[PDB]
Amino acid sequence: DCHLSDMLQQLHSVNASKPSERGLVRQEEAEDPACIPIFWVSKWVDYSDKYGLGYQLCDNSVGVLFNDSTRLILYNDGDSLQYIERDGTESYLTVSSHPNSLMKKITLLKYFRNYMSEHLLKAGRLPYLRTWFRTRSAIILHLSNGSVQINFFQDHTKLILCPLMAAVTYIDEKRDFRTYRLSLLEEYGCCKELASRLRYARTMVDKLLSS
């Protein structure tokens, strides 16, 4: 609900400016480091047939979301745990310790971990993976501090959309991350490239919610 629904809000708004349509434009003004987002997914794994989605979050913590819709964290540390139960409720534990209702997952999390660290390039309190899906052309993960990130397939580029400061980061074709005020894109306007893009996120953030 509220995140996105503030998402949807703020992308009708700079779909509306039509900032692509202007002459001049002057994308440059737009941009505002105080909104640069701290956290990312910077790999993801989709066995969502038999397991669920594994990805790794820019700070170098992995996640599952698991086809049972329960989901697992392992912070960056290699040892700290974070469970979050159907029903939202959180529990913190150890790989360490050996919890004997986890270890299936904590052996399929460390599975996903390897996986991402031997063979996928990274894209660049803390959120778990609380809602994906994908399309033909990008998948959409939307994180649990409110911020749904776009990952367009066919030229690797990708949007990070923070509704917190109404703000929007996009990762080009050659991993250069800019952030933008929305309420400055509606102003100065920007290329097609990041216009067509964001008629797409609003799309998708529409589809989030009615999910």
Given for the second form:
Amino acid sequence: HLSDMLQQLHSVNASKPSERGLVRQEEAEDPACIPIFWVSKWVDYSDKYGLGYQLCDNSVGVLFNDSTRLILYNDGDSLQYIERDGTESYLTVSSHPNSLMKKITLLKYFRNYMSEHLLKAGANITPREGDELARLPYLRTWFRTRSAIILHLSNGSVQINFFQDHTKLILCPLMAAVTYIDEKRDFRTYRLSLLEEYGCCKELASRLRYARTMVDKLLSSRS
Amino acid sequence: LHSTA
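Alt. form solved in complex with its partner chain, vs. the form solved without its partner chain above:
Now the complete complex, all chains and molecules, led by this one.
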């Protein structure tokens, strides 16, 4: 999905959306393209353990430093563990699977911390309903720059959270759509092809150019 | 080290 996302970004950036003779940004909105999943909260303990995160459906996950992943579903009991080599196993917290108690304990710690202390990004927003059978996406990779943290989910979504003004972009290659959460926490979703037609403000155009640079970085660091 | 408090 990254290559597709890159092409979609090249396309919108090349149309120079903030230079449109008449920018009609609202005409490019499409609430139907709101994501099913995004990252609502995160904790970076990557010095010793890894990166913990909460998705907007209240499930939590950790990408540990040893390349393994542990996901706790929002029922607060069902677990998925993904080993280095990609093997996935379903477990429960209440079973107490001994070899995983340290990782389970850390995930619980992160979960409680996020729940007690951190704001839920997109708190106001009802996620799009997904198919019940679809697997819960997990964090494929992440990195931080001086201006943002970049989070790449296994369903192809890329989310970029800007440090300075708390603005956020969530890019969805499957719909060729972007959700922009602005400095006032207002949530707007746009179809990229419509942004090409109707243009957009300098603030959104700037962030979309930065997004292309970030997708190039993801593609350059892939595996 | 964490998202917005």
